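Visitor: Let the hints inform the model, and build the full structure from the sequences given.
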Amino acid sequence: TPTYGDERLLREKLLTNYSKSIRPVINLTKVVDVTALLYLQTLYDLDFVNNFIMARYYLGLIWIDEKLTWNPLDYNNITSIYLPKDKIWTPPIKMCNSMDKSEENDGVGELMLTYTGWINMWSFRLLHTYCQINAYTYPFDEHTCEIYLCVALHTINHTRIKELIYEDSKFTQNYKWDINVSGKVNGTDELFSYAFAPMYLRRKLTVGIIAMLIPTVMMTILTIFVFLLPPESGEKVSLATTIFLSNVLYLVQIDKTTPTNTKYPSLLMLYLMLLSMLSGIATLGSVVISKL
Amino acid sequence: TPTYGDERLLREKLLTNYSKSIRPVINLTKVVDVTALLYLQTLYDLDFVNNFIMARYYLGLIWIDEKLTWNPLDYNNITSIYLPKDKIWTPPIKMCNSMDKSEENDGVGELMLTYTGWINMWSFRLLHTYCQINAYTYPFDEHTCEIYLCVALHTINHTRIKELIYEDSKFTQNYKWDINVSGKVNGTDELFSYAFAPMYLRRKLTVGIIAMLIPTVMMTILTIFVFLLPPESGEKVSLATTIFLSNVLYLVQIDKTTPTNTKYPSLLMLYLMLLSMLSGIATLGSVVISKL
Amino acid sequence: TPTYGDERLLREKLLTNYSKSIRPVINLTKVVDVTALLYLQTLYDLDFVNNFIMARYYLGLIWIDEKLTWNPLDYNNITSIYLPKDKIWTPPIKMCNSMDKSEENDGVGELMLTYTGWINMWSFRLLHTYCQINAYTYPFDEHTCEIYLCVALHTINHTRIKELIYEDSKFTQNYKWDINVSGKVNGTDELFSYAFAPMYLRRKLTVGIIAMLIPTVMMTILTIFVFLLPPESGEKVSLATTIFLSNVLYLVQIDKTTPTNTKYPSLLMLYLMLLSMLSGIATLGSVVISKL
Amino acid sequence: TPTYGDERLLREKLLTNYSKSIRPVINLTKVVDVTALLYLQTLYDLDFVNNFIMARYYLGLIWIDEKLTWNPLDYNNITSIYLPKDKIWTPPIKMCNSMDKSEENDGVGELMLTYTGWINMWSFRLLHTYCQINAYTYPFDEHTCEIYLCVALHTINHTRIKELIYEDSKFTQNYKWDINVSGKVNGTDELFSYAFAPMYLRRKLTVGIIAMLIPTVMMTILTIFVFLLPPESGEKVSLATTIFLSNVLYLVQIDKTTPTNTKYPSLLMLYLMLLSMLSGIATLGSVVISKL
Amino acid sequence: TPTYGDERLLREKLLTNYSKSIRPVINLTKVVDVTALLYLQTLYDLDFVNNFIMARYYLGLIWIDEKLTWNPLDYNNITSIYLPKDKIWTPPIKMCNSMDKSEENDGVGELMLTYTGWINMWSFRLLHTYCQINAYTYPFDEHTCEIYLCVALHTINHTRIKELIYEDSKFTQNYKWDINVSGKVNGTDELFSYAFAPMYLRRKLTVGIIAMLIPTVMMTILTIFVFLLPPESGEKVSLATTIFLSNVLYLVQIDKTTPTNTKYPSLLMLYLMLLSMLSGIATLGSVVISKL
Ligand SMILES: Cc1cc2nc3[nH]c(=O)[nH]c(=O)c3nc2cc1C
Ligand SMILES: Cc1cc2nc3[nH]c(=O)[nH]c(=O)c3nc2cc1C
Ligand SMILES: Cc1cc2nc3[nH]c(=O)[nH]c(=O)c3nc2cc1C
Ligand SMILES: Cc1cc2nc3[nH]c(=O)[nH]c(=O)c3nc2cc1C
Ligand SMILES: Cc1cc2nc3[nH]c(=O)[nH]c(=O)c3nc2cc1C
Ligand SMILES: *[C@@H]1O[C@H](CO)[C@@H](O)[C@H](O)[C@H]1NC(C)=O
Ligand SMILES: *[C@@H]1O[C@H](CO)[C@@H](O)[C@H](O)[C@H]1NC(C)=O
Ligand SMILES: *[C@@H]1O[C@H](CO)[C@@H](O)[C@H](O)[C@H]1NC(C)=O
Ligand SMILES: *[C@@H]1O[C@H](CO)[C@@H](O)[C@H](O)[C@H]1NC(C)=O
Ligand SMILES: *[C@@H]1O[C@H](CO)[C@@H](O)[C@H](O)[C@H]1NC(C)=O
Ligand SMILES: *[C@@H]1O[C@H](CO)[C@@H](O)[C@H](O)[C@H]1NC(C)=O
Ligand SMILES: *[C@@H]1O[C@H](CO)[C@@H](O)[C@H](O)[C@H]1NC(C)=O
Ligand SMILES: *[C@@H]1O[C@H](CO)[C@@H](O)[C@H](O)[C@H]1NC(C)=O
Ligand SMILES: *[C@@H]1O[C@H](CO)[C@@H](O)[C@H](O)[C@H]1NC(C)=O
Ligand SMILES: *[C@@H]1O[C@H](CO)[C@@H](O)[C@H](O)[C@H]1NC(C)=O
Ligand SMILES: *[C@@H]1O[C@H](CO)[C@@H](O)[C@H](O)[C@H]1NC(C)=O
Ligand SMILES: *[C@@H]1O[C@H](CO)[C@@H](O)[C@H](O)[C@H]1NC(C)=O
Ligand SMILES: *[C@@H]1O[C@H](CO)[C@@H](O)[C@H](O)[C@H]1NC(C)=O
Ligand SMILES: *[C@@H]1O[C@H](CO)[C@@H](O)[C@H](O)[C@H]1NC(C)=O
Ligand SMILES: *[C@@H]1O[C@H](CO)[C@@H](O)[C@H](O)[C@H]1NC(C)=O
Ligand SMILES: *[C@@H]1O[C@H](CO)[C@@H](O)[C@H](O)[C@H]1NC(C)=O
Ligand SMILES: *[C@@H]1O[C@H](CO)[C@@H](O)[C@H](O)[C@H]1NC(C)=O
Ligand SMILES: *[C@@H]1O[C@H](CO)[C@@H](O)[C@H](O)[C@H]1NC(C)=O
Ligand SMILES: *[C@@H]1O[C@H](CO)[C@@H](O)[C@H](O)[C@H]1NC(C)=O
Ligand SMILES: *[C@@H]1O[C@H](CO)[C@@H](O)[C@H](O)[C@H]1NC(C)=O
Ligand SMILES: *[C@@H]1O[C@H](CO)[C@@H](O)[C@H](O)[C@H]1NC(C)=O
Ligand SMILES: *[C@@H]1O[C@H](CO)[C@@H](O)[C@H](O)[C@H]1NC(C)=O
Ligand SMILES: *[C@@H]1O[C@H](CO)[C@@H](O)[C@H](O)[C@H]1NC(C)=O
Ligand SMILES: *[C@@H]1O[C@H](CO)[C@@H](O)[C@H](O)[C@H]1NC(C)=O
Ligand SMILES: *[C@@H]1O[C@H](CO)[C@@H](O)[C@H](O)[C@H]1NC(C)=O
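Residue numbers (our numbering), protein chains in the order written: chain L, 1 to 292; chain G, 1001 to 1292; chain F, 2001 to 2292; chain U, 3001 to 3292; chain E, 4001 to 4292.
What the hints contain is simulated information worked out from the structure, not anything from laboratory work. Yeah, the Cβ is synthetic: ideal placement off N, Cα and C, and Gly gets one too. Check before you lean on any hint, since a few could be wrong.
Only pairs whose alpha carbons sit at most 25 Å apart, straight line, appear in this in silico BS3-like list of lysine-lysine [stated by the list, open to error]: (1) E:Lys4087 <-> U:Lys3085; (2) U:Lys3020 <-> E:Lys4020; (3) G:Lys1101 <-> F:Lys2162; (4) F:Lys2087 <-> E:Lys4067; (5) L:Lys263 <-> U:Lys3170; (6) E:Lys4256 <-> L:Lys256.
Calculated Cβ distances over 10 Å to all of chain E for the following chain U residues [stated by the list, open to error]: (7) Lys3013; (8) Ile3062; (9) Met3112; (10) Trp3177.
Covered by chain U, per the in silico footprint, the following chain E stretches (three or more residues, Cβ under 8 Å) [to be verified]: (11) 4038 to 4045; (12) 4105 to 4118; (13) 4172 to 4180; (14) 4203 to 4216; (15) 4224 to 4237.
Guide: Dropping the structure here:
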């Protein structure tokens, strides 16, 4: 059976003439094909004001090393070892379109190497990634956030992203967003390789949101009623003023929460603006009739 | 008695052929059984909006090293030493379901080793850990937060979590949450070992929260009274407007504080929505009678 | 006179067989007695909502090294040297009950050693330390915050905290809190040594805070007057509504500022809740008389 | 074809007598001309209150090394290598006028070197850079933010910034700001070289912002109408009070959002101040007529 | 002319027997006189609530090394070199009274050394420094913030701060604060040397702030008028209620923005408290007359 001394001998022979900075290819004309695996874990939040989405992934990287091989029959059947992450060449994959907020406590600093040369490098990653958040169809809105990977500095004739396999690990249930992360995509080559996983997010219709929407709709009903109310009732100006106050309060309220960076504004805010405008016309008619 | 030179000799012989990256097992076919001890210290806060709980623990890790042993009679009865944490193999246990916000000033960077090979590694850990926070039965609500541990990269045929022993250290009294963290659980094996401690949290009924609840119930009494008030009293419309304003203010107020990510929304918020809806019907009846 | 070469020779001979990881004792059965000196500098703030106090200290640590000694007559009267902090054994004293937010720019990374073996290691420390904040007697409230020190990993039969000497350096004046940090306490031995300095904090009565009180008290006077006002004045309901609105606004206002984690809630908040309840009874009486 | 051994030999000969701290020039009297390339990627946000702009760039640095050269025919046609960033001399370019908030996960830590000595060093950079934000012509306002580069410590007789080439990479579309970053500028020599890229930012007129502006203009129309309303209508004081309340609410609202650091304040805020002042005069006239 | 080999030889001879931890003095009885140069760059903000001021400086440190000298005629006229900052003894100057928030990206990590031994060490430094902020004469207020320097651990018989030369670099114009930072001060010796630069800050009277102050004065005029209004006008109680509401809103508004840590509170806040108190007396008189 394999022993501690056997693994020590294997590692000592393995790292004899290894240069961490030289790409692991016998012939430097060949590229190293990297395939990345991005398994989402949890979607913490979708920050509307800052246009970010907070999530935790399981970014994995697989490639082939041609210098790190051995016949396992020569080393008591040792088929795999674990190396420190900083002793071996590692592709310079970056979270190109993201602010990476992972800590050193979430850095594994180790990798799995197989006797055929295949290396697995799996790392937890918490990302604050930019998303173009369009609140047009709020609150029945859908959105697309693309998580980008791009080789840092090696040209496509040196390092390439063969594929990106993205899935959802179903670790936790959201109850607010319906996430749809599935599919395989080849890498895109434009002077440096890069790929991206599309994340589709649909807001789930909760009874809490519809209960928060109920006051707005009934307020619209009340505006319609007062607009239809006789000018000579005598309470027109009073309740019109009070409900214009409340409507303006709701408009300010939504305005501080609605995203400012959208292809179009939200239909609901524009509809409440229209409501305020109609309330203004109702107040105008009431005062005009009052003077006349 | 043991001396500085004796301990120096022991350490020098001990670390002679130690490789930090090779699992500490004579036969590599055997697994290293790690038992983790997680003693909660203080529950700083339960953040509803961000779905996190802030706490400080005493995560301890115990395993057995087969290479680091000695007969203490051969070294003047030295029974235990202290080694720097980065010179010895350390299992790659991670706060899998948490954002670790500990500093390097909270890193001990040392471990205690016994002549039989047993290693103790105790470390303070401040965690921002994800919890599925359900505010259904607010404010008489209970919640369950699971703190996850999972070996990083070694397969179950290499490293396993034998057990997880979780307790409460009673270092401080909370006065807001009743914490119940006790029990022992074996590790779960699904391609990589992992375990979790269930934390049960019950909000304690404080005289302050019931005091804050008094305005709401008396507001309900007032709504009922005005709904029962004669249409021809003359104060119907005015008081309905003022108390609809107050109801909407309380609804907005709670809505900015209630969690948006819940299995069900909070009954109290839905009950205040019902209150506002009834106030709207009262206003509708008052205005209808006023016109007719 | 001592020279650069003399100090170089002394240091070279001093560090010849020094192991940073071996406790500095000739006989390992003896403990190293550490006496800590904690001189407060400034009390930045007392965060009520998060139950923290922000301050900057001058934590100093003094102990005795038995391996690092020399006869100064043998080295041209060199009586003291300065060593890098990471080359010498350092007791693992931790800010056990605090989040340490000091930077590496505030780390001295150097220590003073005397020819008798006595080492002084003084470091600035900015601490976010947990305090059980009771707002019962607000705003004439007092509080006690305990700053904890505890040896990290060495058992009491290896390392002990001999004493904790805490004082106030009077570097700056507060004008908001009266701080009382003075006294000497022996270390407490329960499986690992630890000590704590009790810091008493009394809010100073400022003319600004009494001014902010003035509206509340006069509002109470106004509530009493309107409660005494004749039911048949005709303005009862109007002022009752307006002042209940204002009362509820003040109640919400204080509620968002009062701590939620207290042994008892603040009497002033409960008194304003009683004021709101009395306003509700006044409104009830006014409407009842109005209908009847 | 070039091989791993060939690249190893080349690197070994290349770094034989290289000193990282000695400028890479045969004759030390000559300066090293650095040309910087700053390609903006995304303009995250323009923080008005803090006077910052958040963006992500592609800062590249190109210069010439005279010690690192080779005849490629002597090494099997190896024309370029990759070196670790910390083994070679690197110009000390700093984001002089900015808070750099990039992480170590966004640090490439490698550079591309060509057989002629030309080095390319491209790095992602997220900057929180100070801008003098003038909100005079709000919301039809334009602004100029200058991104500064300046050599850290070398005098102009040692290191110079030859040029700064700035462009927009069009990676993402903004939809809120029209960005205009294009042009080439020579370095400025005043005791230490430095250059800056001017960033012009124009707020795009969105249908959302005009919708938000509608309430204000109609409120002005209403103020004009009530100012023209007959003093003897009887409702003058009532609507004057209500609309002064609303005006003051809008004034406070904008005041908490308008920048406090401007060459001139925003005309719209001053116009709403004028509107409130006119409302005050209208209230004064109404009350004066009411008493008389 | 000097060459790369010449500088290499010079550095190799220079660092032959250099100990980074030994003060650079031939005779250890002499002190090293450090003169610091602190050139302010920009005053980002003056945070009233947290009592901090955010600024970026150009902290320079100059001293004399007696071991690092050479005759330049012996090395082809090399008159100055650049050394890595961590290879040479550096005085342990700390921003004693400040939170240093500089990044490693703003650390030069290099220093300029002259053949006479004079070393220049210039570094950008962004400081969050404590200031005793007195808002007595708000908004026509002036303030003094002292930036402290103090040697970390060396006694005055080892290291001394010869002088502190502070100036304003005029890099940017403020438009909100008039800064006056100029003058020279000797170091202060009380067991460890230290010095401080006094920075005077005067708020500039902006047309925006006076515009914000207009509502308050006109509100005072309105309070005076209603106090003078006939008790029997009929609008007394109504307008007193509405303007007491507005006064209380402004009082809360300013109270959340006024500093709580001042030698005296702000006169304007106390004046608005007096205004609210007078409004309360006016309301009291109106209601008293109404009942009687
Ligand atoms: C290494 C590197 C090369 C790059 N080339 C680039 N080339 C280009 O034409 N446009 C870019 O925006 C660009 N960005 C780069 C960023 C990095 C980090
Ligand atoms: C090392 C490692 C392996 C993993 N394998 C994994 N395997 C799998 O089937 N699903 C996962 O989500 C997964 N995550 C991993 C994460 C890490 C850090
Ligand atoms: C080294 C160490 C030992 C400990 N022992 C401990 N022992 C115990 O009984 N309760 C604890 O909470 C505890 N905490 C510890 C923390 C550390 C860091
Ligand atoms: C190295 C260095 C030199 C400097 N010289 C400087 N020289 C000067 O006249 N004014 C400055 O503001 C200034 N700042 C400097 C900053 C640095 C970091
Ligand atoms: C090295 C050092 C010595 C000190 N001495 C000190 N001595 C003293 O009498 N009072 C202090 O506050 C004090 N603080 C110190 C801080 C440091 C970091
Ligand atoms: C490693 O490189 C050296 C060159 O210094 C060579 O002598 C040796 O044979 C090489 N060994 C292997 C296993 O490649
Ligand atoms: C490298 O190229 C040579 C050229 O013939 C070829 O024989 C060799 O197989 C190549 N190396 C690999 C690993 O394929
Ligand atoms: C080596 O180990 C593998 C693991 O299952 C086994 O299948 C194989 O038979 C072993 N071979 C030898 C020669 O031990
Ligand atoms: C996810 O989206 C893809 C393409 O947009 C679609 O084919 C697939 O059916 C979707 N799946 C779910 C579960 O929404
Ligand atoms: C992706 O790459 C594979 C492998 O070469 C190829 O077969 C396939 O056609 C490519 N395109 C897609 C869409 O998969
Ligand atoms: C350590 O390993 C070396 C192999 O280089 C061997 O010669 C030596 O005997 C070993 N010593 C021990 C104590 O295992
Ligand atoms: C390793 O396996 C061999 C096989 O017989 C056994 O004799 C030995 O005891 C094992 N090692 C340990 C530490 O159990
Ligand atoms: C070694 O120390 C232990 C500690 O209690 C003691 O029990 C034992 O008798 C000692 N043995 C010898 C041989 O000193
Ligand atoms: C804690 O919970 C467990 C399981 O829910 C239960 O058996 C135990 O009695 C509880 N203890 C306390 C103190 O609530
Ligand atoms: C846990 O592991 C132990 C040790 O093998 C075993 O005896 C026990 O049955 C397992 N299950 C539980 C619930 O303890
Ligand atoms: C230091 O330890 C070595 C052991 O290798 C010994 O030979 C030497 O005499 C010791 N010197 C001192 C000063 O203790
Ligand atoms: C250590 O113990 C021995 C036992 O007699 C004693 O002689 C010696 O003085 C002790 N060491 C010290 C430093 O006291
Ligand atoms: C050594 O220095 C101290 C310092 O004051 C002095 O008192 C003492 O006389 C000196 N002794 C010798 C021998 O120089
Ligand atoms: C501080 O508190 C201690 C104990 O509570 C007391 O003895 C002492 O007089 C107090 N000093 C001041 C200045 O309050
Ligand atoms: C503290 O320790 C000292 C030193 O042993 C002792 O004299 C004293 O009695 C202890 N207790 C107190 C309260 O000081
Ligand atoms: C490198 O420098 C050494 C000086 O120690 C010299 O002997 C050698 O010839 C130099 N080699 C090259 C390639 O410059
Ligand atoms: C350095 O100066 C000498 C002086 O004549 C000149 O010959 C040489 O070409 C210069 N070096 C370079 C690289 O131009
Ligand atoms: C070296 O490689 C370049 C790359 O295109 C090629 O143009 C050139 O002909 C090659 N020369 C030799 C001698 O192989
Ligand atoms: C950008 O600004 C420059 C100078 O201000 C001008 O020449 C150029 O036309 C502008 N381009 C755009 C697209 O606005
Ligand atoms: C900039 O530098 C270049 C190169 O020396 C020079 O030709 C040009 O005149 C300079 N000025 C401008 C505006 O380009
Ligand atoms: C440096 O110190 C060594 C002591 O090991 C001495 O032999 C040598 O002469 C010294 N050289 C210089 C230049 O001081
Ligand atoms: C050190 O002191 C001696 C004592 O005479 C003196 O000669 C020498 O000049 C001093 N060193 C320096 C650098 O002044
Ligand atoms: C050395 O360089 C300086 C720099 O200006 C010059 O003034 C001096 O004449 C030069 N001396 C020699 C000997 O080259
Ligand atoms: C700055 O203040 C000093 C002393 O307070 C004074 O002498 C000087 O004239 C002032 N300068 C300015 C520009 O305010
Ligand atoms: C400051 O130090 C200098 C140099 O020793 C001295 O001339 C001066 O008198 C001291 N005092 C002042 C106020 O400059």
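Visitor: Keeping to a limit of 25 Å between CA atoms, is the pair of E:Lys4087 and U:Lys3085 held or broken?
Guide: Holds, at roughly 19 Å.
Visitor: Straight-line Cα separation of F:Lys2087 and E:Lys4067 no greater than 25 Å?
Guide: holds, 24 Å
Visitor: Would you check whether the claim that U:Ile3062 is not at the interface survives, using Cβ distances to chain E and the 10 Å cut-off?
Guide: Non-interface label stands for U:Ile3062: nearest chain E Cβ at 20 Å, farther than 10 Å.
Visitor: Using C-beta distances, would you say chain U covers the stretch 4172 to 4180 of chain E, given that this needs three or more residues below 8 Å?
Guide: Satisfied; 5 residues make the cut.
Visitor: Counting residues of the stretch 4203 to 4216 of chain E whose CB is closer than 8 Å to a CB in chain U, do you get three or more?
Guide: Answer holds; 7 residues pass the 8 Å Cβ test.
Visitor: Would you mind confirming whether the straight-line C-alpha gap from U:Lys3020 to E:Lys4020 stays at or under 25 Å?
Guide: holds, 19 Å
Visitor: A cut-off of 10 Å on Cβ-Cβ distance, and U:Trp3177 was said to be off the interface with chain E. Does that hold?
Guide: holds, 22 Å
Visitor: Quick one: work out the minimum CB distance from U:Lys3013 to chain E and report holds if it exceeds 10 Å, violated otherwise.
Guide: holds, 16 Å
Visitor: Hey, G:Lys1101 versus F:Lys2162, does the alpha-carbon distance stay inside 25 Å?
Guide: The given pair, whose Cα atoms are some 31 Å apart, is violated under the 25 Å limit.
Visitor: With a C-beta cutoff of 8 Å, work out whether three or more residues of the stretch 4038 to 4045 of chain E approach chain U closely enough for the coverage to hold.
Guide: holds (count 3)
Visitor: Holds or violated: L:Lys263 with U:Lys3170, Cα cutoff 25 Å?
Guide: holds, 17 Å
Visitor: Given that the stretch 4105 to 4118 of chain E was listed as covered by chain U, double-check it with a C-beta distance under 8 Å for 3 or more residues.
Guide: holds (count 6)
Of the hints listed earlier, the one the structure fails to meet is number 3.
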